[PDB]
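A.B. asks: Listed below are the residues making up each chain.
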Amino acid sequence: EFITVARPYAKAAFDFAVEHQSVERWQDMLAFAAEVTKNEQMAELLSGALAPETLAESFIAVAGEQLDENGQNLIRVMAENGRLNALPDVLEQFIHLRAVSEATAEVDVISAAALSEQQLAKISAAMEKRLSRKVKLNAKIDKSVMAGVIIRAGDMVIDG
Amino acid sequence: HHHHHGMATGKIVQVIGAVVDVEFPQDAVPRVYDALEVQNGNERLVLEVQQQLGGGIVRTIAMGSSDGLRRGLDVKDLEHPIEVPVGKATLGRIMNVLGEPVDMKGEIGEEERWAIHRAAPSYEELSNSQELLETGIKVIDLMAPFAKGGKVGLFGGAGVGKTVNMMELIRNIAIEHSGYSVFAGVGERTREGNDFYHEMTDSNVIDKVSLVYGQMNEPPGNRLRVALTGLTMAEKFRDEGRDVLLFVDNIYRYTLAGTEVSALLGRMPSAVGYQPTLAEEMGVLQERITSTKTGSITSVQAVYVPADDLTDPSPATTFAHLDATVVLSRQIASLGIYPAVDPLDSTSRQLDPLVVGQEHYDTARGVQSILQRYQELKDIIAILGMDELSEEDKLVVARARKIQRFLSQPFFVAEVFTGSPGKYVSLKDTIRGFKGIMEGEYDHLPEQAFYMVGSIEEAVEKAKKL
Amino acid sequence: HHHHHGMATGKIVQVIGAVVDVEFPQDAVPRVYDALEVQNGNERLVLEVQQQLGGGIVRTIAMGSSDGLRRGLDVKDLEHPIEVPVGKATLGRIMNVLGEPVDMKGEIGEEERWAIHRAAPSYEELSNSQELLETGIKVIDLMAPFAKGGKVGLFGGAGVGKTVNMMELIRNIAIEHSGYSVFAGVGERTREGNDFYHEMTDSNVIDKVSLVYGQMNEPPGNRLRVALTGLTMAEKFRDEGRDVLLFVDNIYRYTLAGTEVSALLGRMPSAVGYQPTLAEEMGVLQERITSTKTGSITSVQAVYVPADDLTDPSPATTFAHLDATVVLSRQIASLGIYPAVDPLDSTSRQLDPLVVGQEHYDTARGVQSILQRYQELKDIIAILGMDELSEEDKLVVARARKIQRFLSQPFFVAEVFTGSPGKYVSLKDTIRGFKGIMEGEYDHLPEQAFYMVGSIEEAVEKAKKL
Amino acid sequence: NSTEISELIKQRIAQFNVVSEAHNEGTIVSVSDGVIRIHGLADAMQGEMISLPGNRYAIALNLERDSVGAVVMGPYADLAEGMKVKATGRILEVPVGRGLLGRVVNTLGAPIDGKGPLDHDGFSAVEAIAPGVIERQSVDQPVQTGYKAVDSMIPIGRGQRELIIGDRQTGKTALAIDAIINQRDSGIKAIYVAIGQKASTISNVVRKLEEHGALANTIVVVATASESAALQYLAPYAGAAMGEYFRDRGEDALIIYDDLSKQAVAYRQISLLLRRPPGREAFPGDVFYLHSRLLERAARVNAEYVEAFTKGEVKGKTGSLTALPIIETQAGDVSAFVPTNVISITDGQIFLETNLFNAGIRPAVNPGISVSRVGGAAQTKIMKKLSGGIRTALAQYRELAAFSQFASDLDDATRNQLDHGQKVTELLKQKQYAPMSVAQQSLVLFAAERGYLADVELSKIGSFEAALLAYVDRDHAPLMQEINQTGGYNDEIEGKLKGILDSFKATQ
Amino acid sequence: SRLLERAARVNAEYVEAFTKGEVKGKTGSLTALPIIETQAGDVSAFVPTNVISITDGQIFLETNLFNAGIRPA
Amino acid sequence: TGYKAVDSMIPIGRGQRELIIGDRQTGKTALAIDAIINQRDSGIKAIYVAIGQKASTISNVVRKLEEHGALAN
Ligand SMILES: Nc1ncnc2c1ncn2[C@@H]1O[C@H](COP(=O)(O)OP(=O)(O)OP(=O)(O)O)[C@@H](O)[C@H]1O
Ligand SMILES: Nc1ncnc2c1ncn2[C@@H]1O[C@H](COP(=O)(O)OP(=O)(O)OP(=O)(O)O)[C@@H](O)[C@H]1O
Ligand SMILES: Nc1ncnc2c1ncn2[C@@H]1O[C@H](COP(=O)(O)OP(=O)(O)O)[C@@H](O)[C@H]1O
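Residue numbers (the deposited numbering), protein chains in the order written: chain A, 2 to 161; chain B, -6 to 459; chain C, -6 to 459; chain D, 4 to 511; chain E, 295 to 367; chain F, 148 to 220.
Source of the hints: derived by calculation from the structure; they are not laboratory data. Treat the hints with caution; some may be incorrect.
As the list claims (entries may be wrong) - In silico DSSO-like pairs for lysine-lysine, Cα to Cα no more than 30 Å straight-line:
1. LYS416(B) / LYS388(D)
2. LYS98(C) / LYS141(C)
3. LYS123(A) / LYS137(A)
4. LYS455(B) / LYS388(D)
5. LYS81(B) / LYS286(B)
6. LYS388(D) / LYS458(B)
7. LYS12(A) / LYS388(D)
8. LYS387(D) / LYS387(C)
9. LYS428(C) / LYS434(D)
10. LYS387(D) / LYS155(B)
11. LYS81(B) / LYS211(F)
12. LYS388(D) / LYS434(D)
13. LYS87(D) / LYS69(C)
14. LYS192(F) / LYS320(E)
15. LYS265(D) / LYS98(B)
16. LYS141(C) / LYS118(D)
17. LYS384(D) / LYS416(B)
Unchecked claim - Okay, the calculated beta carbon distance ranges per label pair:
18. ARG187(D) / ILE373(C): 51 to 59 Å
19. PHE410(B) / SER411(D): 31 to 39 Å
20. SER411(D) / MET156(F): 53 to 61 Å
21. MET209(C) / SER145(A): 52 to 60 Å
22. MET209(C) / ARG93(D): 50 to 58 Å
23. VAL22(D) / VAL341(E): 50 to 58 Å
24. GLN19(C) / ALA64(A): 35 to 43 Å
25. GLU273(B) / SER115(C): 40 to 48 Å
26. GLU253(C) / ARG187(D): 48 to 56 Å
27. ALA339(E) / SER155(F): 26 to 34 Å
A virtual CB, placed ideally from N, CA and C, is assigned to each residue, including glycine.
So that you can see chain A by itself, here it is in the shape it has in the complex:
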């Protein structure tokens, strides 16, 4: 729930902190530390602390303690400054923002999320989406092809 405060944690840790081989520590530390307090015990019991050493050291060093310098420094600075109260977009913002150098994801053809490996425009979407293999799945792929002509002809010709 950072929104505007989510660009600094995802953009500032994928450039200066990427030289120390921290590509796997951010996913396990952010996913484990952010997902470990998603129940009804660590969030209400750790978010209502008085100091930052008890919530940061207990919440970041008592539930597995699978962190190092980035986990203790990021958990202490984020918990003491006010950023560890939610942290729900750390995995999506850190993974999507840190993995922007080789991001290859397409869209959907009125069916299901295929997520093709197309890094550029019309890369692998034509061969992967037109070279069956798979042509129509069970998620209303072939049945949704008549929505354009049926909705366009019926909606555009419904006025008379």
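Based on the hints, put chains B, C, D, E and F with the ligands in the right spot on chain A.
C.D. replies: Only chains B, C, D, E and F with the ligands this time, still in chain A's reference frame:
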């Protein structure tokens, strides 16, 4: 002092002048704004936490600001709540702030410090004295009579009229009583300690009264610290003896500091940056100090209004929360009268019919009707002139101008501040002279014969001899 | 409007409204006048950064608009702040608001290209003696001693107009004193430019004045930015050997654009619907038109007050920032005279007092006392009758009517528009003729033959030759 | 890394165990032309000055954690967001010293146009406090204001506190231009704080005020339109820097102030631009500070205050601080918090009427509205005992003559308000550059108080009687100058004034 | 309009009131006196217009009659 | 109530509401207790709502209101 130990409030992290925030542990907060001894830059300064909070960082209230101190200086506090002086031992020396030395002599007072809040009696224990007191003039001693125990609120500050009413009222009221008092004094001028304090401190007048000093060069917390010193000496001296009068003045520091200090502490405003607790402080501070069963407290209030500010909370709160609601209009002082006081604003409770009499009823009815008709006949006698006039314009103008211009006179201190002499009038000539000058008997005098006249001796001798 | 050197900067972020929040460089922000020429749409819309911020998104404000831009417009870095084109060669065509033109081509005479932000007030090398000026008229120079390079205010309604001041001042002041008199304009009409400019073809001033008007079809930042053209273009001629003389239009564009733009940006300012930048712009811009060692910097203070608003900054800034303020009513022009400026309330502080000489003191005292003492003999005496008309009524009425109707000497405004001559009135004839022959000497001039005469020099031969 | 800080975000989010921010320096977070947040500064003092980029004493507002609001002197819009500052030692280091009189002094220090070399005692505190209670006695001494009624009616001594206000476009800044030439020396080094001047005011006031009199004992520090918070709103508070070298030493101290309310708009940035609270025309309680240790410190010292403030130097003398502050009223605009607090914080109040000040009359003082603090206390024997009834002429003549256009006030009794009423009230008025001293009050109050030069004196008789009697009596007798040496009101004043005035005025 | 709406008299058909359900609830009058102590007839706010306009009675006084010399106010 | 015009020219009913606006220092709280001899001596179940009082208001109002005919009514 007497443990006054431990405390340990930590260092100041967010020092924003008077509203500091020293974070510490969980047990580092004052009890209802207790005393403290924080060692900032000078010495052990007090820091009463007016608003408690968690973590130790509370909204403290001190006298001076946080100028010169750093954001890491460790300080401390105190365990006692109130530890000042409250007694009749410090009479010849002025009490500084709480009860230290302000003048040349040192003030000590009583060692047994009581509460820092005034407490009056209940509804069946308040001995309200109904004794009418007369002044040394004619209109002030014959118009309305204030009773003992109650404090007459006088609106209007300095810059137009305050020394004439406070000097003649304080000198005539303090000299024409023959008793004990406990008046203090704060918020005066810079050179008032060598002129005003020299006469009362050198003329054997403050021998049985706990006086105090204080100019207008104090801070925000130092000028508003008169509640503990005034309530402690007034509540302790008013109940430990028989009688203890007072004469409070300079209400500008309490209204400006109390009404302006609430917006700088995090709270919301009220009326153009005013305090939201004016009824509790004005009603509790103005109603919790009256005449009790242990002793009468005939105090004297003086509201300081800025440029005749009669539309704020001082006029509405002081006009109903106190005894009389006097003021200082510019029409009396701008015309060159010998009174310079608004006598047509309000009066006392002994000016009706049963407790008054034929003199006060006939003088109040004739003076009110003649003054209202003559003062209200300007729409037909000012624009049109003397064309459509008759007996009402000459009789109302002569009776209202002669009674209003002859009802003012000096009162010792009011005599040396102008130029005319001072003569003490009586109640028989002033109360009996209204049925002759405003009827047709003593209406043969002119405008020069009624100027600076007492009652009937100065008007009859000056009008018949000159 | 800045010299771009590099063309880098970065992208943008938000673009809601006129707030240019583009993220240019990180730790390489520019100055205040150094605008970033961003490529928004098709044109290079520059935005002046009023307040720089960290990160890249600075608080910038553009003049016009982006003409449809996206959320990530590319910007460009600059080097020289406020690099516009001006100089002393602008007297030839109409100018724009960014150093370009509005009439023909040539960017209002392309010459130099220095900084657009000129210096306001300075001393040392500047002229601190503050010498007086002389326009060369009998009802402008002899009645009001203006200073050399001052901001004289103007009041009144119609009567004179822009053709009389521009035509009469574009030939007498241009030939009697070396200098180029330019003009300005902020908040005009769209049709007046198609008519008033025709007046430039009737007096030959277009080749000696730079018309810099912004009309009113643009916004506040695009039409109120005419201060750099006058100060940047007028400093090249006043600091070289000539004397610049600008002319403002009104104060509705600077007051409405400054108060609305400065108060509608999310920040508090002054009261009564005013902004806090009125003292800096009025005090810094009002003191910049002063005399120097290389030429006097004069400017026609044609500010418009808000219907005589004494509580706002129009009467205080206009009456306290300018010097003399002449008023022109309809009484002097409704009778059929040449000059519409009356002699009442149209003088400076050093024009009627004892800080000039016997000519200005005797002419100002005799003309002011004769006009004020003679103005009531023809208006207040007309309701009764002319039976009680002695030597004061005939001499004061004949001298006041003949001197008032004959003192309006025609300048060079009607010499190339109507056909009447007159050349310019001298100070010896108006100062040595209106104090002796206009009181009670040489009563041979009538009312028809005394009209259209140059001060008192041409009125002597008209009494015996016509 | 919650906030975008690039260096501090990655360094603080990746290595929070090493902060190292106790040097009381660092840099700045942003710079919005004045409102700059100084980053760090944990051990720095709150309110202390610090030299940042350039030459400006940037002082912090408060010590709220590490985000202290620094205010640099001048415009900081051209610099980028990230100015590196230095250490914050201590503030209050203005040029204190009474020995710098004569040279040009500005609001920034001792460098102005054109004499930038002023030797002072040392850079110390400028905002002085008030005096004590028993050690604050007013010294009664005589002085010359500029006219006979001003110096004989309201004689303000050294160390008084009165309020003065002038009419707009009538004479609120000049009027009496013979004060420096007629008063010569004002005790010690003089001062005059002003806000709003240019080349014509400094050149005309410096050339006119310095060409007639002695300008080697006056250190006026005025300001133009390009003034910041320490040069416009802080002009009246920093004017008591050299006073400690004059008032707190044994001698007296002269000071003045012009246009005090005009700088109040400069405080608007502390109420509007700082997002604070507003009151009267968008202004907070900072003006109330002027009633604390600023304008309320104009009081004379006593005998015991000269030995403690000077660390043993006088021991018997009494100091004085004559700081008369004036203001330019907008046609009688004095009904707000500044007029009530400024007029109520002192002990004197004087107002100038705009009826006779703009009609051509020399008498710009109002009748009955002037109520000074001293008046007859600091006057001599010829101004308090013989000329003590100065209010009866203006009050009796104005009140008796302004009776809605009356006929005659008892005929003969109206002679003092119609016939000979203009010879003592309208004729005794100082015009443009008119000096006055003890000869005008002693000669005009010791001879024209009975009927020698006050009965038959009107227009021609009033001008010829005063000119012939003053020229023949002042040029024929030599003992009259002795009346300017002592008090007066004895047999020599009545005999010499009556015999010299009657014998010298009987043959006019 | 909620707490100040108890200024109406009940009838004899009200069986509730106090005792249910015959007597002790017939002619039950409930008078109310809204004598507000204003500042010389100061009535130009939301409480004065809403309270004075939402009720049925209206009365005012003046200080000139009681302060001039008469007994009535 | 207690006057001649309050029972004929301005009479109120049992179970109605009438708003009043007394002037300051004239007939605000003094006219509603001083000129009320019929309402306090006739015997009616009234209820007063006093907000903001002290020793003089409770002593003068209790002694003056209890020393007439109401007291315990
Ligand atoms: N009482 C007076 N009678 C006649 N002339 C006067 C009087 N007082 C001042 N003057 C004239 O005023 C002139 C000085 O004006 P000054 O520069 O003080 O105006 P100002 O104070 O700048 O006006 P403003 O306050 O409107 O800016 C002098 O030349 C003097 O002749
Ligand atoms: N019925 C009446 N007729 C004439 N005069 C009256 C009457 N009732 C009271 N007064 C006058 O009112 C005066 C007392 O006023 P009081 O102090 O009670 O006003 P108050 O209750 O304080 O006003 P407020 O309620 O507005 O504060 C008495 O002097 C008396 O003469
Ligand atoms: N009875 C009176 N007659 C004439 N003048 C008076 C009278 N009382 C006061 N004054 C004038 O009022 C002025 C009050 O001055 P000061 O004490 O400084 O202000 P304040 O009275 O507001 O404190 C005095 O100068 C005095 O001349």
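A.B. asks: A separate judgement is required for each hint: does it hold in the structure or not?
C.D. replies: Hint check:
Restraint check for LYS416(B) and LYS388(D): the C-alpha separation of about 23 Å stays at or below 30 Å, so the hint holds. Distance hint between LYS98(C) and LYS141(C) is unfulfilled; the C-alpha atoms sit about 34 Å from each other, more than 30 Å. Of the pairs offered as hints, the one joining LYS123(A) and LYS137(A) holds, with about 20 Å between alpha carbons and a cut-off of 30 Å not exceeded. The hinted pair formed by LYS455(B) and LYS388(D) meets the criterion: a straight-line CA distance of about 26 Å does not exceed 30 Å.
Taken as a hint, the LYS81(B) and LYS286(B) pair is honoured in the structure, with Cα atoms around 19 Å apart against an allowance of 30 Å. For the hint pairing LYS388(D) with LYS458(B), the CA-to-CA distance comes to about 28 Å; that is within 30 Å, so the pair holds. A hinted pair counts as satisfied when its Cα atoms are at most 30 Å apart, and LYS12(A) with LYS388(D) does not qualify at roughly 88 Å. Under the criterion of a C-alpha separation no larger than 30 Å, the hint pairing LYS387(D) with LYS387(C) is inconsistent with the structure, at around 54 Å.
Annotation: proposed proximity of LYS428(C) to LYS434(D) holds, straight-line Cα distance about 25 Å (limit 30 Å). Distance restraint check for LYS387(D) and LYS155(B): the Cα-Cα separation of roughly 25 Å lies within the 30 Å cut-off, and the hinted pair is therefore satisfied. For a cut-off of 30 Å, the pair hint linking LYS81(B) to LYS211(F) is broken: about 38 Å separates their Cα positions. Proposed proximity of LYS388(D) and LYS434(D) is supported: the alpha carbons are some 26 Å apart, at most 30 Å.
With a C-alpha separation of about 26 Å, the suggested pair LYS87(D) and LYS69(C) falls inside the 30 Å cut-off, and the hint holds. Our distance criterion of 30 Å between C-alpha atoms is met by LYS192(F) and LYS320(E), whose separation comes to about 17 Å. Our distance criterion of 30 Å between C-alpha atoms is broken by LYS265(D) and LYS98(B), whose separation comes to about 44 Å. The suggested pairing of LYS141(C) with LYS118(D) holds, with an alpha-carbon distance near 28 Å, which does not exceed 30 Å.
The straight-line distance between the Cα atoms of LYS384(D) and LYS416(B) is roughly 28 Å, inside the 30 Å bound, and the hint therefore holds. The hinted range of 51 to 59 Å is satisfied by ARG187(D) and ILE373(C), whose Cβ atoms lie roughly 52 Å apart. Checked against the hint of 31 to 39 Å, the pair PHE410(B) and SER411(D) passes, with Cβ atoms roughly 34 Å apart. Range check, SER411(D) to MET156(F): about 57 Å between beta-carbon atoms, so the 53 to 61 Å window is met.
Separation of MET209(C) from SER145(A) is about 56 Å and conforms to the stated range, judged on CB atoms against 52 to 60 Å. About 55 Å separates the C-beta atoms of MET209(C) and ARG93(D), a value consistent with the hinted range of 50 to 58 Å. At roughly 57 Å, the beta carbons of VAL22(D) and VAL341(E) sit within the given window of 50 to 58 Å. Distance hint check for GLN19(C) and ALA64(A): the Cβ-Cβ separation is about 37 Å, which falls inside the suggested range of 35 to 43 Å.
Between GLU273(B) and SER115(C) the CB atoms are about 59 Å apart, so this pair departs from the stated range of 40 to 48 Å. Taken as a hint, the range 48 to 56 Å holds for the pair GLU253(C) and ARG187(D), whose Cβ atoms sit roughly 55 Å apart. Taking 26 to 34 Å as the suggested C-beta distance range, the pair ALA339(E) and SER155(F) conforms, at roughly 33 Å.
Figure legend: structure checked against the earlier numbered hints; hints not met, in rising order: 2, 7, 8, 11, 15 and 25.
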